[PDB]
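A.B. asks: Spelled out, the chains give:
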Amino acid sequence: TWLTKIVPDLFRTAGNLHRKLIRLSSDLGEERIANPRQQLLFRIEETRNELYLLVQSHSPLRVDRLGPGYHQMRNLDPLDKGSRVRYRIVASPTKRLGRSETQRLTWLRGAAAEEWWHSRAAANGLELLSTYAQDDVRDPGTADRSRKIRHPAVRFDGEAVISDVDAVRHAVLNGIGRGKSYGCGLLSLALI
Amino acid sequence: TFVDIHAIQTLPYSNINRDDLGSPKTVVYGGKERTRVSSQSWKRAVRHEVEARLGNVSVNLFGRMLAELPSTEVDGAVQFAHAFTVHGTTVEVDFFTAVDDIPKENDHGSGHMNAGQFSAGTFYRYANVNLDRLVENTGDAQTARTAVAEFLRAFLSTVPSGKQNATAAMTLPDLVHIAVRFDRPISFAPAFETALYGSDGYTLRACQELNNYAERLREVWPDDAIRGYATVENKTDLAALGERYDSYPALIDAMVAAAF
Amino acid sequence: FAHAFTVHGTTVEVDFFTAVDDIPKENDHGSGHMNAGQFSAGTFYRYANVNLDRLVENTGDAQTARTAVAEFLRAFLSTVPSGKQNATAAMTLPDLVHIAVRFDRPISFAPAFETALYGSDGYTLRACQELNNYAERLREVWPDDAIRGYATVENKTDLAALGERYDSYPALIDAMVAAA
RNA sequence: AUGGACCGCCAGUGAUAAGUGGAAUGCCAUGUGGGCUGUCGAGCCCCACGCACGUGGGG
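As they're listed, the protein sequences go chains A, D and H. Read in order, the letters of the first sequence correspond to residues 2 to 11, 20 to 48, 51 to 82, 85 to 91, 96 to 118, 121 to 124, 137 to 138, 140 to 166, 169 to 226 in PDB author numbering. Read in order, the letters of the second sequence correspond to residues 2 to 56, 164 to 368 in PDB author numbering. Read in order, the letters of the third sequence correspond to residues 188 to 367 in PDB author numbering.
By construction, these hints were calculated from the structure, which means they are not laboratory data. Check the hints yourself; a few may be wrong.
Simulated pairs of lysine to any residue, SDA-like, Cα-Cα distance not exceeding 25 Å [unchecked claim]:
#	chain 1	residue 1	chain 2	residue 2
1	A	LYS29	A	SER151
2	D	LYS343	H	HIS190
3	H	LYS271	D	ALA262
4	A	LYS98	A	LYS182
5	D	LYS343	H	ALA303
6	D	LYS44	D	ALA262
7	H	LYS271	D	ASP215
8	H	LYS271	D	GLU200
9	D	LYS271	H	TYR305
10	A	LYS6	A	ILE42
11	A	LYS182	A	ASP200
12	D	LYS33	H	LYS271
13	A	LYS6	A	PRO79
14	D	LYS44	H	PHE290
15	A	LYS182	A	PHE20
Covered stretches of chain H (in silico footprint by chain D; criterion: 3 or more residues with CB under 8 Å from a CB of chain D, positions within the stretch not fixed) [what the hints assert, rightly or not]:
#	region
16	226-240
17	284-294
18	301-310
19	318-331
Where a beta carbon is used, it is the ideal one built from N, C-alpha and C, also for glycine.
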């Protein structure tokens with residue numbers, strides 16, 4: 002993978026955030042499996060002005076119109098088990114259930145979000161997830179370009195001893211939780 | 002058919018006309034005294050300029173030759189209003205002394221002390237042309253046509269020659285508005301019956317005030333008058349004065365075209 | 188020769204000076220004389236015409252008229268009236284010069300500065316730019332084949348309407364006099 | 001076409017020379033910003049799976 006610090010300017022909506030992330034990468038690929046996760052990822056870091064954002068990626072980004080005045086960028090290749102390292106992350110805990118008139124949506141509170149998350153990591157890296165328990171988007175009018183929704187993210191943080199390296203790294207590259215294209219998924223680690 | 006033309010031409014520090022004394026001529030109008038450039042002085046310069054560029165249409169457009177004996181047409185049909193300032197103007201004294209070149213065992217016993225008056229302001233000029241009688245008297249509509257066009261250009265281009273070497277008052281009007289009227293000629297002089305206040309200039313404000321007076325008079329008496337105006341300012345629209353034109357000679361051309 | 192006035196409004200600045208007595212007084216030391224002289228500063232607009240037909244008519248020959256015109260224009264740029272210059276040292280070169288060679292009639296740009304400039308900032312750039320806009324608007328309103336040309340100290344603006352730019356005042360004077 | 005019609009007040013000009021506003025000067029003496037406090041289930045669509053409880057993919 003490879004990491005960059007980038008910052009869009011004029020961002021009014023989340024979908025245009027997605028599009029500004031894909032229009033700077035020409036050769037794009039998508040390798041999918043029926044039920045498993047798709048194989051960029053990204054995290055919103057400062058949103059009231061322009062919008063600074065950390066991107067994880069496979070294909071190299073170069074500045075575009077109204078981009079940075081420079082191409085930071087580093088290419089990284091990943096992490097010994099038993100050792101603790103800093104984590105991080107935004108995701109959307111949900112419960113899907115039959116809806117009157121299907122619906123994404137202990138169990140809310142800060143304890144089934146912790147249950148949900150450590151479910152997400154599973155045998156990979158053991159961690160503690162900052163529990164949130166509370169973003170809107172609409173289509174920019176372009177045909178076949180989504181529509182309008184709501185949503186709710188949660189950020190999580192600390193050091194996460196990993197129990198399987200290739201598989202937590204697998205999780206780092208695949209992403210944790212739905213809506214990866216709308217801010218979620220990216221797990222960030224650092225040595226303790 | 003009456004072609005009349007209004008100009009808002011400003012003049013820097015100058016003394017174009019003066020009294021039997023040195024001070025310039027003034028109307029007391031709207032309660033506020035205001036310097037003026039008398040009609041005959043201005044007319045003389047325009048007539049001299051027309052006759053110079055044109056190489164008896166001068167006895168027709170202008171009533172008669174001053175140095176020729178009357179040829180039964182003393183009336184000139186053309187009417188020249190006396191130019192007067194948009195605002196009230198106080199007479200500005202300029203004290204001056206001519207220097208004696210030969211020096212005595214004395215310094216500065218200057219050759220001649222005196223003081224002459226000058227003034228500056230934005231004069232609101234205006235004129236009229238009785239087109240029909242000009243055609244009936246001149247005969248050919250074409251000579252009349254060339255003469256009318258050249259008379260308007262002379263009205264615009266010229267400035268009187270008076271104390272001009274001491275004050276280069278040569279200037280072009282900021283606004284001209286030629287209105288081919290069939291009912292009767294009308295001067296927008298009452299637009300300035302209330303002299304404008306100062307410190308921000310007067311060209312722009314006098315331009316829209318004259319625009320307000322043209323809207324109101326056009327409102328009370330809607331007419332078939334063909335109108336148009338050219339300005340040195342593109343910042344403000346004056347829809348009541350008619351269609352705007354890119355320049356003065358283009359304007360004069362369109363209104364000479366409109367009379368016939 | 189027009190009266191050079193300021194582009195901007197100027198209040199008369201008063202300076203209070205006291206000529207000092209030199210021998211010390213035994214008891215009361217005071218000024219020998221004390222008064223207040225008025226001074227002022229600003230960016231003047233200057234204008235002048237030369238009627239070539241009359242100057243050629245006066246000198247008779249066109250060659251002495253040519254030297255007289257070039258010499259006049261150079262004097263117009265170089266000279267300063269010298270009024271209390273020993274106490275103020277007001278010697279200065281004009282910030283901008285614009286020679287036009289017109290055939291129909293001379294036109295002063297004094298109406299361009301009838302609306303006084305507000306202030307707080309340097310009037311030179313705004314005065315040059317305003318004279319530029321008025322020269323542009325007059326060339327559009329009153330079309331003419333007059334040979335124009337200018338020379339300026341500031342390089343912050345191109346001033347397109349003032350004609351062909353020349354690097355120096357003598358080059359400009361020589362070009363426009365040679366053009367007439 | 002009006003005691004009117006036609007009709008320039010106008011040619012020229014340095015306001016000049018000379019000039020310290022100068023000497024002296026603490027805004028000083030006094031002061032808590034204090035008490036209170038774990039950050040721990042609707043969400044619009046497409047598709048794949050499902051033990052139709054629910055999982056996951058993408059927008």
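A.B. asks: Three residues minimum, CB to CB under 8 Å: does the region 284-294 of chain H make the cut for coverage by chain D? Let me know.
C.D. replies: holds (count 4)
A.B. asks: Tell me if the straight-line CA distance from D:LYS271 to H:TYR305 falls inside 25 Å.
C.D. replies: violated (31 Å)
A.B. asks: Are H:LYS271 and D:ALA262 close enough, with their CA atoms no more than 25 Å apart?
C.D. replies: Answer violated: H:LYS271 to D:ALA262 is near 45 Å, above 25 Å.
A.B. asks: If you draw a straight line from the CA of A:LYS182 to the CA of A:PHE20, is it 25 Å or shorter?
C.D. replies: At roughly 16 Å apart (the allowed maximum being 25 Å), A:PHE20 and A:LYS182 satisfy the hint.
A.B. asks: Between A:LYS98 and A:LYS182, is the straight-line Cα distance small enough, at 25 Å or below?
C.D. replies: violated (43 Å)
A.B. asks: Against the 25 Å threshold, does the CA-CA distance of A:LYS182 and A:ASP200 hold or violate the hint?
C.D. replies: Distance ~37 Å between A:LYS182 and A:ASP200 Cα, so the pair is violated.
A.B. asks: Please verify the coverage claim for the region 226-240 of chain H: does it have three or more residues whose C-beta sits within 8 Å of some C-beta in chain D?
C.D. replies: holds (count 3)
A.B. asks: Would the hint linking A:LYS29 and A:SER151 be met if the CA-CA limit is 25 Å?
C.D. replies: With Cα atoms ~32 Å apart, A:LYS29 and A:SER151 exceed 25 Å; violated.
A.B. asks: Does D:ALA262 sit within 25 Å of D:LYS44, going by the straight-line distance between their CA atoms?
C.D. replies: holds (10 Å)
A.B. asks: Establish whether the coverage given for the region 318-331 of chain H by chain D is satisfied; the threshold is a Cβ-Cβ distance below 8 Å, and no fewer than three residues must meet it.
C.D. replies: holds (count 7)
A.B. asks: Given the hint that D:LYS343 pairs with H:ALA303, test it: the Cα-Cα distance must not exceed 25 Å.
C.D. replies: holds (17 Å)
A.B. asks: For the pair supplied as a hint, H:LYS271 and D:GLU200, confirm whether the alpha-carbon distance does not exceed 25 Å.
C.D. replies: This hinted pair holds, its Cα atoms lying about 24 Å apart.
Violated hints, in rising order: 1, 2, 3, 4, 9, 10, 11, 12; the structure is consistent with all others.
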